[PDB]
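**Student:** One-letter residues, chain by chain:
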Amino acid sequence: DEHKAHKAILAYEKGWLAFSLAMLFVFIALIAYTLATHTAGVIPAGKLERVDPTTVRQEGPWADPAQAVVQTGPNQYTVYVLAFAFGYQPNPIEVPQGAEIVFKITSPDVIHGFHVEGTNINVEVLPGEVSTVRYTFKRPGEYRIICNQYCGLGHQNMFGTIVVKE
Amino acid sequence: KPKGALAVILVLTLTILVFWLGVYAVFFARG
Amino acid sequence: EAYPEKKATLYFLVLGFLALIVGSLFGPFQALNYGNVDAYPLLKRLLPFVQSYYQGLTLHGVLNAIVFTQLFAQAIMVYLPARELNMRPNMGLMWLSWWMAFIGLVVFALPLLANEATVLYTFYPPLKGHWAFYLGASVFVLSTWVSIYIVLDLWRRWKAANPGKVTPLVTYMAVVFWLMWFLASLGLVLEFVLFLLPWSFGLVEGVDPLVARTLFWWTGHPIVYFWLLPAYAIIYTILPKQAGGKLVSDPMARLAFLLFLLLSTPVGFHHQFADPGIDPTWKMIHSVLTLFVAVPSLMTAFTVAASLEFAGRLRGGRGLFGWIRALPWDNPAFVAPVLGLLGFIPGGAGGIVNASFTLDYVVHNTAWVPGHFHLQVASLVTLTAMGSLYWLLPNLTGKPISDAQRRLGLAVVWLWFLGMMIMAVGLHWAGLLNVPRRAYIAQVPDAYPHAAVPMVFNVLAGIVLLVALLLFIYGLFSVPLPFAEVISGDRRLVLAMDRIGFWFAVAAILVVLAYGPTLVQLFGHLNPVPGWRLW
Ligand code: HAS
Ligand code: HEM
Ligand SMILES: CCCCCCCC/C=C/CCCCCCCC(=O)OC[C@H](O)CO
Ligand SMILES: CCCCCCCC/C=C\CCCCCCCC(=O)OC[C@H](O)CO
Ligand SMILES: CCCCCCCC/C=C\CCCCCCCC(=O)OC[C@H](O)CO
Ligand SMILES: CCCCCCCC/C=C\CCCCCCCC(=O)OC[C@H](O)CO
Ligand SMILES: CCCCCCCC/C=C\CCCCCCCC(=O)OC[C@H](O)CO
Ligand SMILES: CCCCCCCC/C=C\CCCCCCCC(=O)OC[C@H](O)CO
Ligand SMILES: CCCCCCCC/C=C\CCCCCCCC(=O)OC[C@H](O)CO
Ligand SMILES: CCCCCCCC/C=C\CCCCCCCC(=O)OC[C@H](O)CO
Ligand code: CUA
Ligand SMILES: [Cu+2]
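Chains as they are written, first to last, in this note's numbering: chain Z, 1 to 166; chain G, 1 to 31; chain D, 1 to 535.
Some clues are possibly wrong.
Claimed, not checked - Straight-line Cα separation of at most 27 Å, DSSO-like style, residue types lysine-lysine; simulated pairs:
no.: 1; chain 1: G; residue 1: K1; chain 2: Z; residue 2: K138
no.: 2; chain 1: G; residue 1: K1; chain 2: Z; residue 2: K104
no.: 3; chain 1: D; residue 1: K399; chain 2: D; residue 2: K6
no.: 4; chain 1: D; residue 1: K44; chain 2: D; residue 2: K246
no.: 5; chain 1: D; residue 1: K7; chain 2: D; residue 2: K165
no.: 6; chain 1: Z; residue 1: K4; chain 2: G; residue 2: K1
no.: 7; chain 1: D; residue 1: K159; chain 2: D; residue 2: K6
no.: 8; chain 1: Z; residue 1: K4; chain 2: D; residue 2: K241
no.: 9; chain 1: D; residue 1: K399; chain 2: Z; residue 2: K14
no.: 10; chain 1: Z; residue 1: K7; chain 2: Z; residue 2: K47
no.: 11; chain 1: D; residue 1: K6; chain 2: Z; residue 2: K14
no.: 12; chain 1: Z; residue 1: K4; chain 2: D; residue 2: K159
no.: 13; chain 1: D; residue 1: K246; chain 2: G; residue 2: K1
no.: 14; chain 1: D; residue 1: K246; chain 2: G; residue 2: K3
no.: 15; chain 1: D; residue 1: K241; chain 2: G; residue 2: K1
no.: 16; chain 1: Z; residue 1: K47; chain 2: Z; residue 2: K104
no.: 17; chain 1: Z; residue 1: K7; chain 2: D; residue 2: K246
no.: 18; chain 1: D; residue 1: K7; chain 2: D; residue 2: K241
no.: 19; chain 1: D; residue 1: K165; chain 2: D; residue 2: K44
no.: 20; chain 1: D; residue 1: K241; chain 2: D; residue 2: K44
no.: 21; chain 1: G; residue 1: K3; chain 2: Z; residue 2: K4
no.: 22; chain 1: Z; residue 1: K104; chain 2: Z; residue 2: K138
no.: 23; chain 1: Z; residue 1: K104; chain 2: Z; residue 2: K165
no.: 24; chain 1: Z; residue 1: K14; chain 2: G; residue 2: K3
no.: 25; chain 1: D; residue 1: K7; chain 2: D; residue 2: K399
no.: 26; chain 1: Z; residue 1: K14; chain 2: Z; residue 2: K4
no.: 27; chain 1: D; residue 1: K165; chain 2: D; residue 2: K246
no.: 28; chain 1: G; residue 1: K3; chain 2: Z; residue 2: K7
Stated by the list, open to error - Have a look at the derived ranges for each label pair, beta carbon to beta carbon:
no.: 29; chain 1: D; residue 1: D38; chain 2: Z; residue 2: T54; range: 44 to 50 Å
no.: 30; chain 1: D; residue 1: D446; chain 2: Z; residue 2: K47; range: 50 to 56 Å
no.: 31; chain 1: Z; residue 1: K14; chain 2: D; residue 2: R406; range: 45 to 51 Å
no.: 32; chain 1: Z; residue 1: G60; chain 2: G; residue 2: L17; range: 34 to 40 Å
no.: 33; chain 1: Z; residue 1: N157; chain 2: D; residue 2: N90; range: 18 to 24 Å
no.: 34; chain 1: D; residue 1: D446; chain 2: Z; residue 2: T72; range: 33 to 39 Å
no.: 35; chain 1: D; residue 1: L18; chain 2: Z; residue 2: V26; range: 54 to 60 Å
no.: 36; chain 1: Z; residue 1: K14; chain 2: D; residue 2: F201; range: 54 to 60 Å
Derived from the structure by calculation, the hints contain no laboratory data. In this text, a Cβ means the ideal position worked out from N, Cα and C, and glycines have one as well.
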């Protein structure tokens with residue numbers, strides 16, 4: 001009885017472990033795929049870029065919000081975003097649709113989310129690092145920026161805005 | 001044969017699959 | 001006298017459930033908040049030291065996710081092996097370990113209760129809390145190092161007496177588990193030692209937020225497996241008796257556990273998928289190894305389902321589903337872990353979503369995450385702890401559980417389980433609506449209107465769990481270990497898995513290989529930045 005059940009349970013567990021493992025592999029293959037598309041742009045560049053959080057509001061690309069949007073290609077724009085307590089400059093960020101947007105976001109105080117609602121933009125912002133991400137907005141309109149990394153008592157009311165023009 | 005255990009891991013696979021394919025889908029929608 | 005290990009083990013349980021009660025008080029308030037309802041005026045009247053939602057949230061996570069969990073882990077994963085070996089722990093160390101825990105707890109609790117350390121249970125720099133938080137917490141966590149020694153002592157002493165014997169199952173679980181925990185703990189010890197302590201004492205002016213995050217999540221994942229594996233130990237070696245059956249495979253159990261020693265630690269970057277400065281190839285690698293570490297639980301699901309089925313067919317249940325009803329749904333020690341096991345299905349599921357590199361950008365730092373992990377720690381671990389109260393409290397105190405007390409226990413378990421299911425729905429759903437975690441949203445009520453429906457779920461969960469908690473306080477204040485047999489049918493696997501030093505080495509090498517290259521680059525380019533107090 002028991003020696004038959006321990007045999008059968010185990011013979012079937014073995015199939016299950018094979019199967020689950022393959023599903024896991026398929027997932028891995030599917031994740032690989034995303035890595036090869038443009039949708040992979042939202043993965044932060046691997047890339048250390050230090051900056052001084054004490055001077056970033058006072059010298060450099062972050063120090064004149066109104067010129068933070070800079071054509072860097074024929075169809076690419078770099079945007080220098082400051083994420084601070086409690087908010088984002090510029091407000092708003094204006095970019096052309098269909099243009100590839102390189103966001104270069106840092107913080108002058110604490111860590112901040114940059115989760116662009118309705119998109120896959122969702123990056124952490126660490127003081128003294130520049131986070132780099134890419135998106136091409138595909139519909140024009142207002143997108144809301146949320147902060148999803150607790151940063152003090154103003155956390156719940158820290159939003160920003162990206163306006164995509166046609 | 002352990003039909004009961006097999007059921008459980010069946011519900012599991014499906015739950016996993018819905019979750020995972022569910023969010024793969026949302027990902028491409030938002031990308 | 002003959003088991004003063006009971007007295008210590010007990011002290012551990014009581015303090016953790018102490019921590020759980022106090023922690024959970026903030027729970028229903030945070031649930032109503034995620035149902036767009038601000039009840040905090042009410043809270044700030046009962047507990048007028050509470051100055052913010054975020055201070056309550058710290059208390060909650062720290063007391064529930066670190067304090068309860070660990071104390072429970074120390075209770076179970078010291079005592080159980082000792083009883084299996086019928087041997088005595090070093091009671092000098094076992095009391096040292098408890099005191100470091102108690103004294104460390106008090107020492108960080110002070111700033112917490114004083115709005116001096118309202119960082120979360122993650123304390124990410126530059127957010128800067130009181131020195132006593134980092135000191136306090138330091139001592140608390142190192143209390144488990146002592147525990148690690150205790151059990152390796154026990155094991156070695158036993159292996160002295162019994163060479164050419166393989167390690168016995170529970171103790172083999174306990175050893176691979178404490179070995180895993182030491183390895184895993186280093187990142188955070190490193191973080192405290194090189195960074196957090198010097199910083200809060202004023203010795204250094206900055207910490208590098210990226211490097212602190214990285215050293216943190218080195219520890220920050222395996223800590224959850226260190227929460228999980230006491231409940232696993234019980235689900236494996238006690239539960240199958242509670243249900244009326246047996247463990248279907250001893251090696252299968254060891255294998256799961258061994259896989260956890262190898263794979264719990266080298267995975268941390270899946271908390272850092274949205275971090276800058278970490279290299280995407282290294283993020284893919286960790287993604288791969290994190291899909292791998294979900295394997296011992298895929299395995300566990302089967303071994304355990306099989307064991308329950310075996311129980312319910314022994315107990316005369318016939319069908320595809322006969323076996324389920326034939327089980328002891330009158331025994332809260334059976335019911336509670338089985339319910340957690342259920343909610344772990346979707347919990348594991350969401351866990352596997354979070355681990356895919358690019359899928360994380362959908363859900364990262366939304367309400368999805370807390371949804372995922374309440375299923376895992378707040379339910380499956382906690383319910384396992386809760387229901388064990390019904391065999392463990394007798395075994396430690398000699399006090400019986402009445403019928404009435406048994407019934408009250410079933411109710412709580414069920415209320416708590418259902419609450420958790422409901423909140424889990426509300427939270428996953430809000431997360432998919434891009435509702436963020438760690439947010440006092442009731443305070444911006446017109447902000448997430450697309451989330452009305454999952455908000456109803458969250459309110460309901462709020463009062464369901466409030467009542468659950470209220471009952472559990474009332475019940476707890478009102479109040480041979482049932483090891484299962486293994487079933488009859490490899491000595492080759494079992495012997496190889498017992499080369500424990502060997503496996504420990506591999507686990508150590510894998511960390512070096514998974515974290516080394518990236519931490520070297522990090523330490524060559526530190527950018528410490530000033531602390532802030534924004535609460
Ligand atoms: C003790 C608690 C924890 C467990 C266990 C746990 C499991 C997993 N997690 Fe997780 N999770 C992640 C990946 C997973 C994966 C791959 C697993 C795996 O271990 C899951 C494997 C499990 C399964 C595949 C399911 C097995 C099911 C079973 C065993 C059911 C058996 C059924 C039976 C026998 C019932 C029979 C009954 C009948 C009678 C029918 C990732 C990402 O890669 C993140 C980061 C997300 C982000 O963006 O920040 C994360 C974040 C969290 C957070 C938030 C941390 C924070 O504050 O920032 C915490 C607290 C947490 C806890 C825990 N986590 N997790
Ligand atoms: C009465 C039961 C409880 C309720 C209703 C409940 C509710 C809550 C809510 C609504 C959140 C999300 C708050 C936010 O993201 O801002 C939260 C946070 C949290 N929960 Fe609980 N929960 C309870 C019990 C537990 C238990 C038992 C655990 C530990 C085993 C736990 C661990 C956590 C942790 C770690 C966090 C995240 C803290 C952070 O992000 O810093 N909860 N819970
Ligand atoms: C026993 C454990 C679980 C207990 C069972 C759950 C009890 C929930 C009650 C449901 C009845 C519905 C009553 C709803 C009526 C009041 C709603 C209300 O007044 O709304 C709040 C308002 O919008 C803010 O200002
Ligand atoms: C899109 C993909 C669809 C997924 C939908 C669910 C997939 C099935 C789930 C689990 C199967 C696990 C069972 C595998 C068991 C193999 C049978 C076996 O090993 O049988 C041994 C026996 O001795 C005979 O000789
Ligand atoms: C049993 C025999 C073994 C057979 C088992 C094979 C399992 C196949 C699973 C996935 C294939 C991957 C296909 C990847 C295509 C993904 C494309 C997609 O979904 O994205 C489109 C979007 O428009 C882009 O931007
Ligand atoms: C039990 C749980 C059931 C839960 C049910 C799941 C609900 C998922 C909803 C949306 C997924 C995708 C959301 C992404 C929204 C895309 C909208 C968009 O692309 O545009 C917004 C922008 O602001 C235009 O100007
Ligand atoms: C028992 C406790 C329950 C556990 C918690 C369950 C709550 C969420 C469940 C499944 C999420 C599945 C993924 C959700 C995404 C599916 C929506 C979809 O199909 O969206 C595609 C569309 O293109 C996008 O805008
Ligand atoms: C046995 C214990 C639990 C085990 C199993 C529990 C897992 C539940 C799985 C899916 C729930 C959600 C259903 C899937 C959601 C449907 C998609 C949807 O709602 O559509 C989105 C659309 O964009 C609208 O806005
Ligand atoms: C919002 C989400 C809420 C949905 C939450 C539901 C999730 C699963 C519920 C119950 C699982 C119980 C399954 C097994 C049933 C146990 C009771 C039983 O089988 O009764 C036997 C009888 O007592 C003779 O002994
Ligand atoms: C008798 C034991 C079980 C009974 C359990 C009842 C069934 C669960 C369904 C709803 C309860 C939730 C009621 C939540 C309280 C009011 C909801 C709310 O706050 O709604 C906001 C609304 O969308 C804008 O004002
Ligand atoms: Cu900025 Cu939260
Ligand atoms: Cu993790």
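**Student:** It remains to establish, for every hint, whether it holds in the given structure.
**Tutor:** Status of the hints after comparison with the structure:
1. Straight-line distance between C-alpha atoms of G/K1 and Z/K138 comes to about 53 Å, which puts the hinted pair past the 27 Å bound.
2. For the hint linking G/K1 to Z/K104, the alpha-carbon distance of about 58 Å lies beyond 27 Å, and the restraint is violated.
3. At most 27 Å may separate the alpha-carbon atoms for a hinted pair to count; D/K399 and D/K6 meet this at roughly 13 Å.
4. Pair hint D/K44 plus D/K246 does not hold up; C-alpha atoms about 50 Å apart against a cutoff of 27 Å.
5. Using a Cα cut-off of 27 Å, the hinted pair D/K7 and D/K165 is violated, with the two alpha carbons roughly 30 Å apart.
6. A distance of roughly 9 Å separates the Cα atoms of Z/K4 and G/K1; the hinted pair therefore holds under the 27 Å criterion.
7. With a CA separation close to 23 Å, the supplied pair D/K159 and D/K6 stays within the 27 Å bound.
8. Taken as a hint, the Z/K4 and D/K241 pair is honoured in the structure, with Cα atoms around 20 Å apart against an allowance of 27 Å.
9. Simply put, D/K399 and Z/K14 have alpha-carbon atoms about 44 Å apart, too far for the 27 Å limit, and the pair is violated.
10. Restraint check for Z/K7 and Z/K47: not satisfied, since their Cα atoms lie roughly 53 Å apart, outside the 27 Å limit.
11. Proximity of D/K6 to Z/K14 is assessed by CA-CA distance (about 40 Å); at most 27 Å being required, the pair is judged violated.
12. The suggested pairing of Z/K4 with D/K159 is violated, with an alpha-carbon distance near 33 Å, which exceeds 27 Å.
13. Using a Cα cut-off of 27 Å, the hinted pair D/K246 and G/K1 holds, with the two alpha carbons roughly 17 Å apart.
14. A hinted pair counts as satisfied when its Cα atoms are at most 27 Å apart, and D/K246 with G/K3 qualifies at roughly 17 Å.
15. At most 27 Å may separate the alpha-carbon atoms for a hinted pair to count; D/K241 and G/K1 meet this at roughly 21 Å.
16. Straight-line distance between C-alpha atoms of Z/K47 and Z/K104 comes to about 12 Å, which keeps the hinted pair within the 27 Å bound.
17. The suggested pairing of Z/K7 with D/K246 holds, with an alpha-carbon distance near 14 Å, which does not exceed 27 Å.
18. Between D/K7 and D/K241 the CA atoms are separated by roughly 25 Å; this keeps the pair inside 27 Å, and the hint holds.
19. Restraint check for D/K165 and D/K44: the C-alpha separation of about 59 Å exceeds 27 Å, so the hint is violated.
20. Proximity of D/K241 to D/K44 is assessed by CA-CA distance (about 46 Å); at most 27 Å being required, the pair is judged violated.
21. Distance check on the hinted pair: G/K3 and Z/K4 sit about 14 Å apart at the alpha-carbon level, within 27 Å; holds.
22. For a cut-off of 27 Å, the pair hint linking Z/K104 to Z/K138 stands: about 20 Å separates their Cα positions.
23. Taking the CA atoms of Z/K104 and Z/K165, the gap is about 20 Å. The hint holds against a cut of 27 Å.
24. Between the alpha carbons of Z/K14 and G/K3 the distance comes to roughly 14 Å, so the proposed pair stays at or under 27 Å and holds.
25. Using a Cα cut-off of 27 Å, the hinted pair D/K7 and D/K399 holds, with the two alpha carbons roughly 13 Å apart.
26. Under the criterion of a C-alpha separation no larger than 27 Å, the hint pairing Z/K14 with Z/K4 is consistent with the structure, at around 16 Å.
27. With a C-alpha separation of about 22 Å, the suggested pair D/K165 and D/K246 falls inside the 27 Å cut-off, and the hint holds.
28. The suggested pairing of G/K3 with Z/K7 holds, with an alpha-carbon distance near 14 Å, which does not exceed 27 Å.
29. Checked against the hint of 44 to 50 Å, the C-beta distance between D/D38 and Z/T54 comes to roughly 36 Å, which is inconsistent with it.
30. The hinted range of 50 to 56 Å is not satisfied by D/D446 and Z/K47, whose Cβ atoms lie roughly 39 Å apart.
31. Evaluation of the 45 to 51 Å hint for Z/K14 and D/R406 yields a failure: the beta carbon distance comes to about 39 Å.
32. For the hinted restraint 34 to 40 Å between Z/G60 and G/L17, the CB-CB distance of approximately 48 Å leaves it violated.
33. The beta-carbon spacing between Z/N157 and D/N90, approximately 53 Å, falls outside the hinted interval of 18 to 24 Å.
34. Between D/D446 and Z/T72, the C-beta spacing of about 37 Å keeps the proposed range 33 to 39 Å intact.
35. Evaluation of the 54 to 60 Å hint for D/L18 and Z/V26 yields a failure: the beta carbon distance comes to about 46 Å.
36. Take Z/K14 and D/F201: their Cβ atoms lie about 55 Å apart, and the range 54 to 60 Å holds.
Violated hints for the displayed structure, listed by number in ascending order: 1, 2, 4, 5, 9, 10, 11, 12, 19, 20, 29, 30, 31, 32, 33, 35.
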